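Next up is one chain by itself, shown in structure tokens, the form solved without the named molecule.
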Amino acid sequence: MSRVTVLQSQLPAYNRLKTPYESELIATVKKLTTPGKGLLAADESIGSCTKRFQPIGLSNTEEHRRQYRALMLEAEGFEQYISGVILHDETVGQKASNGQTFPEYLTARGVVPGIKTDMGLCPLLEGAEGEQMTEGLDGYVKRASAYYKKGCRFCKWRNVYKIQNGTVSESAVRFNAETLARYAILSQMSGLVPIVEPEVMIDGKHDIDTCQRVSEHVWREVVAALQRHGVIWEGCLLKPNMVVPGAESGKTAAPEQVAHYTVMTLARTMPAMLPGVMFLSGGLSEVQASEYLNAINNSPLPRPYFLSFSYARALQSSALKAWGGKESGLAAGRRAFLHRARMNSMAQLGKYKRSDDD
């Protein structure tokens, strides 16, 4: 019969995140889920830029990295296909040729500036050898708030899961899901729409069925963690891997099959309220990235969420090659970029034509 007066916030059923940024997060989500548009992931680390530049003989310097981002961001008309850009910490403070910082340059053109906020992969130290966790939660709100003041309105955090012997440890499944969930809450509290990226890596000899089982298992726990932390579903996005056979499996998957497996897996795990799913391109070729997204947007399976792209190499490869790191290559580089952006825009609408890439 003993009754006690407590705070509503101390009751399990009243744990939904409370933030004054809710309306803005929703508004940002709306912009990021615009039909025919997707995201450009230009958040490559300095180390990743080394790999990008090696093939074209461009030294990896701050000025060259600025020019690398400018190649894409200053491509006239890209906003027709790109709704948001995931920037690297360094780039947020750099400037376009006109004096505008990149976030200002994007915002001026209706493109939402985003920021990769995780601090990289580290050994998990639990589970199986080779598994990794992601650092970055300490001091997160301080960093996120600084990015917000600079114009960023969304962010991205990547956790990886490595399929070994057809499985992944429960230690990794649980720990990385909790990391992603905490990241999502801290982001929303800071005014940034969080793009949750639980990437089941393509590396390995596993077949598509194994990727499907592991992906469903991994993503289901990510959702469970988000529910426990009280995420605002209306204000977040997912950036998952498509379900495909392992890179060293030696097997192939028709776009129709990839679409079936991918859409089926998302539907079995994701709440219907999830606003959007922006696929990572991972180890996919530029063409596969477009073909798969197109098939996904032609799937008869349940898919209430906006299904689009958040590609890095799949949107940059040809452009970098055509550019060659030379001013005289800007025009060719930009034509290549806009072409890939257009193809993926069409794929988002389910109207991509393979003959356009011939």
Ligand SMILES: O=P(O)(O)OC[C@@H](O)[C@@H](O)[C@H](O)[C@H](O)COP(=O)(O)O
Contents of the next structure:
4 protein chains.
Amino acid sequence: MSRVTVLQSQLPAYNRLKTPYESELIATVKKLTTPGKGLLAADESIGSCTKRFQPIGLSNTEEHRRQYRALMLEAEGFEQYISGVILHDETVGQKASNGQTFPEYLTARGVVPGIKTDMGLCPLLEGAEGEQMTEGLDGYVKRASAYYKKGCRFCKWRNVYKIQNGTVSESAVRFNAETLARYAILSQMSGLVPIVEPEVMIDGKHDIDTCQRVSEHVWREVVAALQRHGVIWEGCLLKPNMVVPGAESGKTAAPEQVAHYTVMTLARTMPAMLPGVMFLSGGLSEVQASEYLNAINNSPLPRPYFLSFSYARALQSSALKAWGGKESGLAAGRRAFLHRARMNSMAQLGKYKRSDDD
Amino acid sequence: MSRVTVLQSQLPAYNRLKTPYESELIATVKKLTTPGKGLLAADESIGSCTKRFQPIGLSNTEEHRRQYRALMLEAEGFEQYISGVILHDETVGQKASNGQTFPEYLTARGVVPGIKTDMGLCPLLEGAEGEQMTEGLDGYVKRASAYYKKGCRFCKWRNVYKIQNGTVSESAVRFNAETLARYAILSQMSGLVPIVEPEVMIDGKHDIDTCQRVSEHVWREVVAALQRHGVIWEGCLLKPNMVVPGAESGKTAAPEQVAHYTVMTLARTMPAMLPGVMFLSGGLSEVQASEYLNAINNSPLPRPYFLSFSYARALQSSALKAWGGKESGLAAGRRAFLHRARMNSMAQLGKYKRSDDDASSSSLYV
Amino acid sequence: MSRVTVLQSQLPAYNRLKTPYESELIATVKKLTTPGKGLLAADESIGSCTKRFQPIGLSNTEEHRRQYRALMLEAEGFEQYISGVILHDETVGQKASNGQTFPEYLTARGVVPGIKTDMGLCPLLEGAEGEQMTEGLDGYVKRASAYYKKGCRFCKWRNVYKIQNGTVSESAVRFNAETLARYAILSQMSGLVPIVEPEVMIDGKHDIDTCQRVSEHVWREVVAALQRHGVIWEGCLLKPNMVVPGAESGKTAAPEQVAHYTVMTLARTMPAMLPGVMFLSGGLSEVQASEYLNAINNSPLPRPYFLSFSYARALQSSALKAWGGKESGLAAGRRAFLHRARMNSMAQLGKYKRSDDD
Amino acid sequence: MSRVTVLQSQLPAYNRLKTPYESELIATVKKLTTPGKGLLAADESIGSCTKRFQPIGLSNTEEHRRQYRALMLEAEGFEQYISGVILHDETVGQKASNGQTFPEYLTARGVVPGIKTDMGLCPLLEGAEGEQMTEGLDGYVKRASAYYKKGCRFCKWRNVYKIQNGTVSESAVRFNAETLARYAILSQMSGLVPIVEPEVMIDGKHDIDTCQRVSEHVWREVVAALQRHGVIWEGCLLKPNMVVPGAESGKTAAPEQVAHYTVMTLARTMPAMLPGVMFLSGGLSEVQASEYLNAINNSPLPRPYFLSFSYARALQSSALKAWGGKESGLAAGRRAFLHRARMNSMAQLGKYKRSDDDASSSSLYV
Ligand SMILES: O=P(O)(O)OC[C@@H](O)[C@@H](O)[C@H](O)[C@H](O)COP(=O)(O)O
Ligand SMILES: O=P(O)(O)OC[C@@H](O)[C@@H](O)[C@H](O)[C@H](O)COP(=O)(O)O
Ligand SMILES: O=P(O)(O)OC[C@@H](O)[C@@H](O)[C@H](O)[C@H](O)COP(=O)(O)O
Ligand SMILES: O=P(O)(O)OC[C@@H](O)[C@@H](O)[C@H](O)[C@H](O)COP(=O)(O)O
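Any chance you could show the form deposited with the named molecule bound after that form solved without the named molecule?
Everything in the complex follows now, all chains and molecules, and the chain you saw is the first one.
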């Protein structure tokens, strides 16, 4: 009957994101999915730092936070295990001992500079009490473009989901997925590879099966949102929680079990094109983080994507203690850091050996 | 088989927003939906004021903008036709000649103080070129609660939809609907009655049927998004465009036709509980804005909601001309305003008489 | 940059159903929304007749069912209170005393003939145990077209929702809404005004508030599905449950409360264009059905749509008892029927007086 | 603030279909995903046999149809290439030359019996003219459980999408996806592994890119519908079209381009858990079907799922011609058939040699 000439971009099937950065996004994804390597999450907020300087009793100052990063970044040879570093806004503008800004320092060593672009958690104000959303989309492109000029080529945004009474509200499931999807699009348009982090928190008395159920439910909606917004699959990365029992459940899971549940959930929700999955440690111990990732890279279940790490706590705990916040502790701190980095590097390769942590 | 104890608030059917401000939001809606009254939209941005100040060749200063606003906010007797005023952020802080801030000034005169809370249009960056989204959800509650303290009781947020090639992208239909829905929730939680404004623009060569189809499509997704975010229907208002032919279509619709198409489109998409629809003028001439509203209020079609106006251009055009800027044309300015406000007050009641309106009115489209 | 010529019907905003029957569908709606009139639901299945015939000692035969329908359809005077009658597939082909098929007989006497087109409830096989879906869409156009030929001008389809533990599953909320919307579209395309019936059953121990919550949640999705399918709003009717406490709640609700909750729920979910809402009695007594409808038509809440009845049990109970299935009880049964039809007629007008029912 | 005890099955996150047939379903997938083996699509309807017997002039009779399928089913040694066969309704009840039903015959021969359970295409009656939906969900569990009792362990259901003007309507995209997902669920509940077939037809002037876009769009929705209905991913299979230019586009794609586009589209839409993808020949020639599958199994792109075949035409065409419907032609026919079977078997392994195959294969598109 009646025909009409429309713009191809107005047709539902042609919603895939169009950006001149596509080629570079794929290249960054390539470097970020290097065998035997993972990411160092060093984007702790000024408030989280206070928590970090505790078992070592160090004051929370701008200078000490810079030394906190310098401890791990200026550690000779770390680029052997780390392919990218998620920096905090403050650290982006700080300089290493050699005078290079941290992004320049990383870029010179072949390490991709990354940046946490979200603006923190806030009450969801919908759904159930205790649920939270993430702010930061207003003025996003402006901020991202500036970070890109400073050398950053990838970013990270975190949304959280709190399991309560074995479930999570649909308000949270829908809203946080839309937030993550929009974030992915604005990032790619700004030239930064987006690390989409939908963390189903370990907090709670739930068992591994509950975590498995909620994680699958939360993750598949993130995927649906991403398809709605037309993300470039070849140009993004996922940063999920591992499927493990709750922190206050009193139950433990064998590495084989975590790998089974974690890998099964991912495969059941993620498109096979997803380039990589960089696990957050989120509450697991340094050894758990390594053992689990290792068992995950030994799973017989389908996992076409790169499975590695994007650890903060699981790579810093020991390094911080041995360092003690003192110069004389750098050598020991750096030794502690590289060891954890090496263990996780081998875990990525499925050759982790627990005896090495004995 | 297995049973589990969950919070009622975690179940899909219990997503309705819970706020202690509910009673107050409803009360405000009542005032905002008073027979024979509409809203004055004086929320033009600082930049937009440069577009209002061109014809009269006025200096775009903070003092002048205050006069621009005071020109009509102080015009005695206007509260007989205006039940609420949408103020710009800067005007909320300015004072009237009496020393009271406009919010305080308006309240004492019975006129509810409102505030435009959105942060402007930006490129959608999804869908088709030319489409735009609206920012402002970050730190919203913090801004809204502050406005509340200053006396504001309702807010306004505007999203736009550009008809191109007889259609709009779904990226735009979905995203702007979600933005508007979230906006409504945060406003109600902050104590401000939200005026949801999904404007399908008159820009383009599209005819009235194309505007009808697009408006229906856009509006229903806004309603769907509102249902998912659980808005309190009894406490919000809609500010839509009227369904009319495009500005460059070469055609002009008769009042009866615009009434039919507009009232029909609202009925097919809006829940019967929606307390009120406050039309934007969107480029129509001052007379058309009055003529069409009057016809709308004489439509035999279903319309349980209060139908009125929330005009900016269709209420300030001539009153601005007569004013010119000097306090000399103040009487002439406040005279042209009260007349336009009276014509629309009559329209709300469906008693508008074209014979009482100037026999000459040019489009306010740009 | 790139344009494409497509069919206007391929665009999302142009999904409204196109049918040459539109004008007739609206004309039918007008007759079914006539002040002081309602619908008689006489579409009981063979199995339901058993439940109606058992308590009066009447054998369930093809002949006794016809006599069961004749009892009401030939109660001269009922046309004054009944604008339409929902017939069972069997009755459509039966004949009244004068040799006319019931549809012909009804049409000749000013009543619009309708037909129940759904094929029964079945286990949902998704969501929670006890939930059911409704079959009937396969070959629907063929059946509906045959009905139109015989004189039917509107139809009815029933889906049910069972409140369990104060909630219902999304699987049911979504699936049944999609079933109803598809059914509405196919009915209109066939020239039959569709009566959409999403019955939130009174069964259970829930209070009126829970019914309100579930009814609003169920209603809204039915509407959403109708919008996605592009139904002609000016050509359909809703046949919902009134909002009242559960049948096993041991709680009673005053007429004014039912009216407030019911009218408020419709207003919050139904587009103002919906032409009419014909309530099902669903377990309420004959008196509650009249009392509640009467209060609904006296409610100060918004209600652009016509509010009337589409009752089965609430119009048949007393009549079946007085009739006793005996030709010698016809006069008594018909007086009871007319009385009940009369009470609901005055209820539609908001002039029902409880004293009239003693 | 208040709590409530509900069934776990009432919560959104717990919607995975639960069936006692899960184990057997997965076991069945394992059989249907055996390296070097594919499926034989012999579910042609009586009306579809009319056009297949047209060439060799064979009367469409229950008997002639029985032999037509026996030709391939009783082809000695075909089990080395075929893991399962999709039968038509009547063939399920017909008998092999040894007196036992084909299902019993195939089972004893290590082959899995399958049944096509859809009731055919019908006008969509929504969206655009030319679009079709598929009927068959009414009384499904009853029919399916009947087939299961007769030996069947998997089924097939086909929905089609027609590219027109470079696109398809959302009405079709949504409705056909929901139909497939409900079909999948009812199938698993009846103990049958469902092969979900969303065919974006090769018909049209469109190029490979338009087919890619449309296929991506259509398939992701099927996936969305499957997640909403809670399908058991570990127990189902997908049967899509390959991404190739239209039959009337005038262009023909090189094996490796088809591989790139097809695999890329699958990876962007399908969850990594999806057991396998059994392609349809959809009109391609016998050799094209084999070449493309070979190139597909040689793609460097991510593809965790078993990629194989489930052809009807591309496997029967020449074998049928050789048979001629004559008894003396059974040998000639079964050689051609077992040949094509071997070719696709190699293609499944990415070890297909174009040399070892015919030199000229005509289009099977009508
Ligand atoms: O609360 P803040 O100051 O905003 O910091 C958050 C930041 O540490 C996290 O987003 C990590 O990047 C990520 O969750 C992996 O960390 P682990 O879960 O492996 O410890
Ligand atoms: O361009 P800005 O600075 O964002 O301000 C726009 C604002 O004045 C309008 O949106 C009114 O609130 C309303 O929509 C009526 O406008 P008219 O359509 O009646 O002119
Ligand atoms: O279960 P069946 O044998 O198919 O028949 C059901 C049928 O009587 C009802 O669906 C009515 O059409 C309507 O719902 C009003 O019924 P009441 O609730 O007013 O009695
Ligand atoms: O006309 P009907 O009765 O609906 O039967 C069609 C049926 O043979 C096909 O759909 C196959 O099951 C499969 O899709 C492979 O088809 P091709 O490989 O020949 O393209």
